[PDB]
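Just one chain follows, in the form deposited in one PDB entry, and it is written as structure tokens.
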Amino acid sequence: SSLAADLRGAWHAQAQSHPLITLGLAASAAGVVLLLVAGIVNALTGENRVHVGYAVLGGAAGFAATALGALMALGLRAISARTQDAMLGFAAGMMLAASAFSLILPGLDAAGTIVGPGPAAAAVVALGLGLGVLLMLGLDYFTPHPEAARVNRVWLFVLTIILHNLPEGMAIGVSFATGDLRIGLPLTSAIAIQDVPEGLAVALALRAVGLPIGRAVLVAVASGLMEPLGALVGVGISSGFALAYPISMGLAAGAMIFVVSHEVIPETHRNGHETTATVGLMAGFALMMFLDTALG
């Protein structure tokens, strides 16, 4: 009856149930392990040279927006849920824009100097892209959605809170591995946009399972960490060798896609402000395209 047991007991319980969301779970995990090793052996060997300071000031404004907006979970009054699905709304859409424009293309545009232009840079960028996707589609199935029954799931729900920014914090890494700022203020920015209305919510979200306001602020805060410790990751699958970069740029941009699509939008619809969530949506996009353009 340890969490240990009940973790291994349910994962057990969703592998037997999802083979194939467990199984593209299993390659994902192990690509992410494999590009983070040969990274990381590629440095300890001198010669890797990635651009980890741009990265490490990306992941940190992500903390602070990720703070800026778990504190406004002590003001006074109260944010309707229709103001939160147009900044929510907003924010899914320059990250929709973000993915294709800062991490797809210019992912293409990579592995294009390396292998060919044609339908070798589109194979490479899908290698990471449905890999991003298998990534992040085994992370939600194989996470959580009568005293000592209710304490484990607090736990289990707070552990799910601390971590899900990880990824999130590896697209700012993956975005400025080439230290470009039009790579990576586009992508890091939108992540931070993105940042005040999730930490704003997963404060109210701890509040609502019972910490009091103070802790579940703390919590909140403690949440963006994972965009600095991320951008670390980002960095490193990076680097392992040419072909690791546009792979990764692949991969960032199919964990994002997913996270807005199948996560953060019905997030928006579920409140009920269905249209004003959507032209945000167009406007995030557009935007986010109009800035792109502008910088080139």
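Positions refer to the first chain, counted from 1. Only the largest set of C-alpha atoms that superpose within 1.5 Å between the two forms is called the rigid core. What changes on going to the form deposited in another entry:
- Among the residues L204, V133, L139, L96, the single one whose Cα moves by at least 2 Å between these two forms, once the core is superposed, is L204.
- A movement of the C-alpha atom of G69 reaching 2 angstroms or beyond is seen between these two forms when the two forms are aligned on their rigid core.
- The Cα position of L108 differs by less than 2 Å between these two forms after fitting on the rigid core.
- Residue displacement note: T160 has its CA displaced by at least 2 Å between these two forms (rigid core superposed).
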The other form holds:
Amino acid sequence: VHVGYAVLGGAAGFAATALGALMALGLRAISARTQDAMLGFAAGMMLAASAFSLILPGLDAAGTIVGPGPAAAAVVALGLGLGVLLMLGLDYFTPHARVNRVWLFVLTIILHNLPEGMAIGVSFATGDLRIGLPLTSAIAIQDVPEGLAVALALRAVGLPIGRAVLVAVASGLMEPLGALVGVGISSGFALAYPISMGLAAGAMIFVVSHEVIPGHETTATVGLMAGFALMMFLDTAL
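Would you mind giving the form deposited in another entry, to go alongside the form deposited in one PDB entry above?
We keep it simple here and write out only the one chain, dropping partners and molecules.
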């Protein structure tokens, strides 16, 4: 079934996060510019994952379901706006004393991860490996530096590196959960698939626009360019 490809896609999600987190054991600390570059790469990957692997495939799905006119782009775009609105609804409904500021930063990481799991599941809802696999693989690529980054950031707020890595790994647990959810919401009816692809792309564009906010400027855009270029390459080859 679809859940299968979605469950293994989420699984690669969690593994990749865990690998980055485990790399944090060696390093313990990293320069500000290297962390900025890593994040910029991760945002570039996500920005184009939602463009090339979610919106355009979503529009083509919608186009076969309802025809070539604006109805399809309307479905995809309304799903996308719904995804923005949902991530904006969380973030308000969700707050994010050292013990409590660690919890708020963890909530940030979990709210971040929710859309990416969802996107993996949504991409594997038609069983289409030519939509799930490049998406999923981009998600996992950028999960590595982000697990690294997450664990280091938690060490930096005051945790011993071991707890920091343990919490990063647990964080990565949110990808398969979101994969189950994305495979849920995208199977109830025909339009559920392109609606869900819009919705996933929108949620990701929101977490990026809300976390691209973090000198340390020229370095993060080299990363963003790299991560965006690499995605285009993945879309073409896969």
